[PDB]
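Asker: Given next are the chains, with one letter for each unit.
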Amino acid sequence: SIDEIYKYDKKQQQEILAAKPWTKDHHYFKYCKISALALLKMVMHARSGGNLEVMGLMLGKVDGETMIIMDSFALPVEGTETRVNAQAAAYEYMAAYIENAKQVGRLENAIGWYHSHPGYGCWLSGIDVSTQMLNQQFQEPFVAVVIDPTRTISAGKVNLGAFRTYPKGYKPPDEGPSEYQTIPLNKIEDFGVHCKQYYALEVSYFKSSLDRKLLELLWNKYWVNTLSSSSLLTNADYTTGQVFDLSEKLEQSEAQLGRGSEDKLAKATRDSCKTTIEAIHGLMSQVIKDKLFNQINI
Amino acid sequence: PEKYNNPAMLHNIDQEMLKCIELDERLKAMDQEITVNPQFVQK
Amino acid sequence: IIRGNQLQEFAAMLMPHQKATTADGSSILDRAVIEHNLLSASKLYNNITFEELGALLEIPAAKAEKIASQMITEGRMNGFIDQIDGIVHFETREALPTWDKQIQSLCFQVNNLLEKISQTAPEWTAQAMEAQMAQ
Amino acid sequence: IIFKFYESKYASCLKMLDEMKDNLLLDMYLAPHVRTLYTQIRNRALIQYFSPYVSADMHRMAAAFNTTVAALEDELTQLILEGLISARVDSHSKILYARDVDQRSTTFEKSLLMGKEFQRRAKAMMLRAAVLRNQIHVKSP
Amino acid sequence: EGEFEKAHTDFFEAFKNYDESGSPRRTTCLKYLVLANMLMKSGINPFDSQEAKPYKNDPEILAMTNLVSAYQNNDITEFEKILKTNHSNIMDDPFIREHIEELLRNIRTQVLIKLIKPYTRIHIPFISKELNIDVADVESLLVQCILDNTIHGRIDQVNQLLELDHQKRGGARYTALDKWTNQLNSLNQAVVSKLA
Amino acid sequence: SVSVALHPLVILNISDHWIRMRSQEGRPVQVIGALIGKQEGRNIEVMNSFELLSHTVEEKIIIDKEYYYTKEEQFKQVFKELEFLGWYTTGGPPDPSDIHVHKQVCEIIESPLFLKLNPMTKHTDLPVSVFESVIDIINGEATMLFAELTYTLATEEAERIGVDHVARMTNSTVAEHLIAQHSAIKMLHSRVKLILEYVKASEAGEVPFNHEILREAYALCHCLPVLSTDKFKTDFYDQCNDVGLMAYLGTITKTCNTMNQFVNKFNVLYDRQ
Amino acid sequence: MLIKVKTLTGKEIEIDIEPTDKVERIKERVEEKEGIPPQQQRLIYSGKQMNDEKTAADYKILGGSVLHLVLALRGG
Amino acid sequence: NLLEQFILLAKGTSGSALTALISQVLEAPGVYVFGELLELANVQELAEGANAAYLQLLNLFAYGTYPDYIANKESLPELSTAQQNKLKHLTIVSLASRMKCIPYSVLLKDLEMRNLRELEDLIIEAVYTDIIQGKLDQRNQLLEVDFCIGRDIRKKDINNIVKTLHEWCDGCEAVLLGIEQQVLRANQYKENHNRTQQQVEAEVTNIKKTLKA
Ligand SMILES: CC(C)n1nc(C(F)F)cc1C(=O)Nc1ccc([C@H]2[C@@H](O)CCCc3cncn32)c(-c2ccccc2)c1
Ligand SMILES: [Zn+2]
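Residue numbers (PDB author numbering), protein chains in the order written: chain E, 24 to 283, 296 to 333; chain C, 364 to 406; chain D, 272 to 406; chain A, 329 to 469; chain B, 248 to 443; chain F, 38 to 207, 214 to 316; chain I, 1 to 76; chain G, 10 to 222.
Hint data in this document are derived by calculation from the structure and do not stem from the laboratory.
Positions of the beta carbon are idealized from the N, C-alpha and C atoms, including for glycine.
Check the hints yourself; a few may be wrong.
From the structure, some residues in chain G lie toward chain F, with a derived Cβ separation under 8 Å [to be verified]:
#1 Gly44
#2 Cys110
#3 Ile167
#4 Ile170
#5 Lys199
Please put together the full structure from these sequences, using the hints given.
Answerer: Pasting the structure below:
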């Protein structure tokens with residue numbers, strides 16, 4: 024049944040952990056499945072973080088070649104993108120929360136960590152890469168999840184990326200798709216330097232039978248918020264920041280044209308196209324709303 | 364003179380965008396001719 | 272809004288001991304009632320002149336202005352005072368968010384009406400819903 | 329002089345500056361720069377006088393700067409045209425009104441002008457490409 | 248003379264020296280101590296010493312204490328009434344007279360700043376009525392405060408009022424659009440000039 | 038009587054809790070949990086919800102106050118501005134066991150709420166119900182019972198996007220945007236057409252004449268057009284012109300890029316080096 | 001004495017320690033057993049981070065306990 | 010629902026009892042729509058006789074206004090302060106039904122109020138009765154209504170209801186058709202551009218291949 028995935032097999036998990044097959048291979052984990060509740064909690068926490076960054080922990084299991092995530096819990100850190108982990112407050116919090124959840128019925132174990140990159144894409148920086156490398160070196164398995172709560176609102180689709188790094192000294196053989204991601208100027212050097220040390224798993228979402236029934240029952244009352252959204256007002260500081268970054272990139276492209296990585300004008304054009312398309316979508320939504328509601332003069 | 368909150372100004376901006384779009388389309392059309400030029404295959 | 276006659280009735284019903292009044296005036300109950308009246312009128316007016324606020328609160332216009340300014344400074348209520356026109360301005364209710372709220376209210380009305388229809392003629396609404404997909 | 333300039337006693341400050349100018353002109357290394365320094369000081373005083381005001385009366389300004397209303401009007405015009413004062417004179421009631429510029433209309437105007445210039449330049453260079461391809465040039469005979 | 252902060256630090260060090268060594272001189276040193284306390288307005292603990300309270304409660308010398316209480320409370324009427332009512336204690340000492348001006352101006356400035364908060368356009372005669380000074384004094388104080396960037400507003404001289412800026416618009420969007428337009432202009436010029 | 042705003046995260050938490058417990062124990066079993074939210078005046082809003090640990094002796098259920106307090110400290114560590122609101126359970130109509138657990142919970146807060154979710158339901162509407170405690174005197178005896186409240190689904194952009202993505206789980216861009224708007228407009232059309240049919244059927248004569256429904260239909264018809272005022276029109280045109288200028292600048296940038304590519308190719312072709 | 005040691009991920013290590021051993025001694029025991037350097041290591045007992053130096057028996061050896069282990073990255 | 014109780018207790022009454030009950034229900038606070046009482050066959054039969062004035066009063070309270078009452082003051086029986094207040098509230102609701110930003114002048118003219126304070130107090134009372142939700146604007150002399158209850162309807166009014174709902178359905182259908190057409194056009198444009206680019210690349214590859222040989 025669909026709820027079969029919700030059954031936790033302690034014996035099978037112990038057997039898989041004790042018969043680790045990921046050691047012989049390196050790209051062993053290729054699929055990453057996320058429950059509906061975990062994804063929703065991650066997105067709401069990243070959004071409520073605001074403009075700052077938030078990070079939590081993820082509880083799941085493994086089934087052969089795929090990595091399943093069932094739950095996620097935040098940890099305080101006072102957020103504010105502190106230097107790194109914690110003044111030991113989060114260090115106590117992780118163990119305390121796991122122990123408390125053990126005696127209730129949350130009998131799954133940690134599988135990774137998630138954090139937010141609000142406004143500048145979904146990737147692993149240098150410190151993130153070092154953290155994931157260290158975690159995978161000792162406690163295995165482990166997956167990093169990066170969310171973009173601002174681009175999610177702006178584009179209408181969730182911006183979630185699951186990543187896993189490579190061992191020290193390992194040179195992956197080509198096979199780089201490298202789809203384009205807009206990244207500001209002040210955060211481009213780190214992305215360029217630390218880009219071949221990790222790979223992105225294919226992420227899919229799942230939900231239970233009761234969850235599906237409840238969502239299909241809830242849509243009958245939730246259809247209002249789609250028609251009363253007005254996305255052009257909630258995201259204006261983000262658009263202003265995007266325009267500032269685009270102007271700086273255009274200045275750099277003009278400097279390269281005057282002088283004597297490659298063709299920065301094309302990248303600036305793609306960024307401008309993305310921003311303008313988002314703005315026009317926001318406007319046409321309001322045009323549709325006006326046509327629906329303001330013209331039906333009794 | 365005016366504040367920019369009129370359908371007339373909206374139409375003016377629309378006309379300017381239409382002219383720019385036509386300009387770019389012609390640019391691309393005359394660029395592809397150079398692209399498929401045999402002389403523009405040796406270099 | 273608590274009226275002066277109701278306040279007087281409550282004062283008459285109250286025991287003499289409970290009427291704790293400051294020496295300079297402005298008995299505690301009357302001050303609390305005036306502040307409550309101002310805070311409740313904040314929910315009813317876009318902007319109100321000093322004369323009408325004084326008539327509403329049954330106090331002189333100068334005292335009304337002073338109390339409103341003190342309440343605004345202390346952060347209890349939101350607004351700003353235009354002294355030249357003698358007008359206190361409460362919240363603004365911008366046009367586009369008002370449009371969003373009214374669209375939400377209209378859709379809520381549609382939903383409630385559909386529920387009431389389906390709770391009165393169940394067989395008819397079942398037949399209509401069944402024919403809705405076919406037609 | 330410096331204290332009265334700081335605490336906005338412009339009439340007295342300028343009067344004592346004019347008193348001291350005659351002795352200052354006989355110096356060695358400051359005689360050439362006296363005129364420039366005095367002009368800069370007076371312009372700074374004029375700009376600082378109008379800083380806190382949104383609608384200033386020109387009679388009081390003229391009285392405080394030891395000049396007639398007509399001379400003050402001419403000086404204000406010269407300052408508004410180029411320098412730091414952003415204001416408009418009203419010579420009916422003789423009042424200087426601060427001018428607040430709206431950003432929206434200005435940006436719209438400048439963007440439309442830039443678009444027009446860009447389109448004209450693109451058309452011109454398209455013609456230039458055509459003539460360059462066709463090899464049109466002026467020969468000696 | 249009193250050369251600002253250097254003279255202030257010299258005064259604190261001298262007063263500390265005369266407190267450690269000149270014990271019997273406290274009878275007249277306490278006035279200077281409280282004056283220095285209101286000049287710094289940072290310690291705001293002149294009554295911390297419990298030994299001074301029994302000698303202060305004697306009614307012969309209480310003008311300093313009531314001045315401190317009025318100054319901390321930030322009310323002008325009590326300060327002025329005590330100053331003019333109290334005699335042969337305050338106005339006769341040049342070392343107090345030369346510094347009473349800033350003392351009286353600080354409370355007026357603070358009261359004006361607190362008063363100005365809720366209003367958007369407020370008359371100058373109203374401020375003059377509240378601060379108990381003439382209209383010209385109010386205008387001078389407002390000009391000095393506005394130039395010092397302590398009061399955000401501008402004076403309308405013709406109508407004799409002042410209007411404070413409370414509305415904030417989204418100018419960042421238009422600044423970004425201006426930057427984008429300028430960069431586009433420069434880039435277009437360069438791209439056109441490339442062909443030759 | 039307080040207005041209640043619900044969040045789909047709470048419903049998802051409850052449903053996942055019930056499904057997990059059922060799968061773990063082999064057979065369905067009821068669960069008891071706690072809610073978290075914010076109260077502003079008379080507006081109560083729920084945001085998240087964790088699970089409480091309970092034991093049964095004889096036929097009575099007791100909540101571990103020590104575990105509750107440790108969880109309260111833990112959640113106050115993270116969500117600083119959030120507070121306790123009430124408890125939730127899975128089942129049908131309220132029972133004396135529910136009244137007993139509510140009496141137990143009432144020793145913690147003043148007026149805790151009570152949420153009830155029904156996993157096994159046959160109706161068309163959401164099985165979530167919200168109750169509050171009311172103490173009354175019946176036949177000279179003091180008993181505390183339940184009063185049902187009306188709740189509305191709260192609005193949040195990230196929540197809406199996440200819920201829509203989870204519900205849908207599915214080659215252009217305008218495509219996707221317009222498809223979402225289409226789904227919602229379709230729901231509106233269906234509903235308005237069913238209402239028009241009832242009204243037309245009632246007018247011609249097919250169903251008993253109902254006055255309340257017809258009056259509400261008249262009130263609904265009198266609500267259009269929405270916000271036809273001059274200030275709204277000015278704001279709308281402001282937004283339209285702003286987006287138009289942004290589109291103009293984007294078009295200019297794209298044309299500049301195409302121009303640069305053409306100039307490069309022309310220089311490579313028609314130059315002798 | 002011997003005390004399974006469990007990390008957050010779920011791995012448990014069967015390790016041999018003496019009651020008179022100190023927290024630093026257990027840390028280097030874990031270093032030899034697994035490989036984690038004794039600075040990227042935090043042991044937490046009963047929801048409490050031990051102040052290294054403080055011996056161990058004090059804290060509370062009580063035989064088969066389970067000291068919770070969480071990694072760290074020193075500075076970098 | 011007081012109207013249900015009044016209907017239940019009105020079965021056996023007639024004549025003077027009926028008129029007294031009508032006066033009581035009109036004066037009763039809370040009830041603002043009288044449709045079932047007017048629908049009663051006995052009440053509709055009260056027309057024949059000397060008590061048609063009470064039926065006319067009930068009709069005025071169901072569908073009527075204060076100017077209508079003033080124009081027909083002599084025929085109708087005298088009303089107390091509570092009934093006049095209810096009629097003024099219903100007049101405000103009737104105005105707000107068709108206008109969503111009501112000026113002060115029309116309200117003053119309709120309700121025959123003299124000073125602004127009385128009118129504003131009346132509007133505040135109407136707001137507090139939870140029968141009209143809005144805000145009062147003194148600077149512009151406006152009352153902005155966000156919500157107003159639906160008043161009583163006639164048998165011939167339903168044509169407007171069906172016409173408005175038909176117009177709304179037609180608008181929704183037109184919007185859906187436009188969305189479908191726009192999606193189709195965008196997809197066709199994208200596929201056409203991709204095909205043209207692929208064809209150009211293929212031609213370039215063919216030219217390079219035949220040139221390099
Ligand atoms: C799994 C967690 C607890 N963790 N384990 C280990 C490892 F030592 F075990 C180490 C860690 C761990 O907290 N890492 C970490 C590193 C850096 C940041 C910040 C940091 O750069 C500051 C700028 C913002 C930023 C953008 N991208 C990473 N950051 C964070 C972090 C992210 C969001 C909120 C709070 C903190 C966490
Ligand atoms: Zn990061």
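Asker: Please go over all the hints and tell whether each is borne out by the structure.
Answerer: Hints, verified against the model:
1. The interface hint given for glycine 44 of chain G holds, since its Cβ lies 4 Å from the closest Cβ of chain F, which is under the 8 Å cut-off.
2. Satisfaction of the interface hint for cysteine 110 of chain G is found here, the shortest Cβ-Cβ separation to chain F being roughly 6 Å, below the 8 Å cut-off.
3. Below 8 Å, beta-carbon pairs count as interface contacts, and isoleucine 167 of chain G has one with chain F at about 5 Å; its hint therefore holds.
4. Nearest Cβ of chain F to the Cβ of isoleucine 170 of chain G: about 5 Å, under the 8 Å cut. The hint holds.
5. The beta carbon of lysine 199 of chain G comes within 5 Å of a beta carbon in chain F, closer than 8 Å, and the hint placing it at the interface holds.
Consistency with the previously given hints is maintained throughout, with no hint failing.
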